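One chain comes next, on its own, written out as structure tokens in the form deposited in one PDB entry.
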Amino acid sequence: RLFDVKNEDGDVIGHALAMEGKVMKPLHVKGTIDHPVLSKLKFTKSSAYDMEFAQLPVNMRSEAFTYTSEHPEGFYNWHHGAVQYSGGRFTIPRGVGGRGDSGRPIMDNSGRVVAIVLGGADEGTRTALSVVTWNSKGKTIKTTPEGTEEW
């Protein structure tokens, strides 16, 4: 599920995630996804969304995250604490995101993913994130951004 993408030393610039049959990965994260098989797949770009993706190895699937378009107002969860659903805007405090986080999912409590981060724009006291999400009438993927700094 959880996978890292490194640079030169081998530095984590971002993250790749195995979900709903595929491997998602934010394009701008120029690097190699660290996995002797994943790093060998044919990935396709969607630039209108900043995603890159390969079809899951026909067994890896099994351990894939699940997605969900149900996104109430509330708190969600991410590797560095709580995520607020501040009326259509996913937020995080100010001072918490940056290099390393592009790629990381945001889940609910049920353990399903709600969105994958790409960057953030600090509005005041919080950072509203650049989020690619999907809603209900198919996977209708969605890049939501503020006057953002991709990270």
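Numbering follows the first chain given and starts at 1. Just so we're on the same page, rigid core means the largest C-alpha set that superposes within 1.5 Å between forms. Compared with the form deposited in another entry:
- A displacement of 2 angstroms or greater separates the C-alpha positions of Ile141 between the two forms, with the rigid core held in common.
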The other form holds:
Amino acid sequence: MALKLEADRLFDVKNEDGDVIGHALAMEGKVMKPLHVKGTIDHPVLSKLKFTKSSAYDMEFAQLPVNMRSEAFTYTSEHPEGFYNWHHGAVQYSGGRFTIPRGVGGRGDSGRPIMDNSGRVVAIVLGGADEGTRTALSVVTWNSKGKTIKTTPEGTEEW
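Hand over the structure of the form deposited in another entry; the form deposited in one PDB entry is what we had up.
All you get below is the one chain by itself.
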């Protein structure tokens, strides 16, 4: 039945020698990536754009080229408790926190989006704090009025 054919929305950010140290994404008309991730966007067009910084939220962004604006994720500010999806599997959202099993997130996971079954982005991963058998994520989300919010658990380590 299904072939996972999708637009080019998620991009790699590499370090000086070329290791993937994070991710950048096309969403709501912008290319955004965590500010703490110091590398270059592995894309001939995106890497030449002028990026605006937002230290208060660990975000760095630029406007999408007119063309690419269609190849992009849609965000949603509604996240009822339950399970969500990301590159490594299930992400649980309960208690105001997004958690994953311990020993799963780390370098390379910054900038990865957490999604719902309808394919909308619900949050962007920044780092994590292990608490017991789980890891609580430091994520960026936006509220219903479009305000950016940043939740960082105690002892979070940036990925």
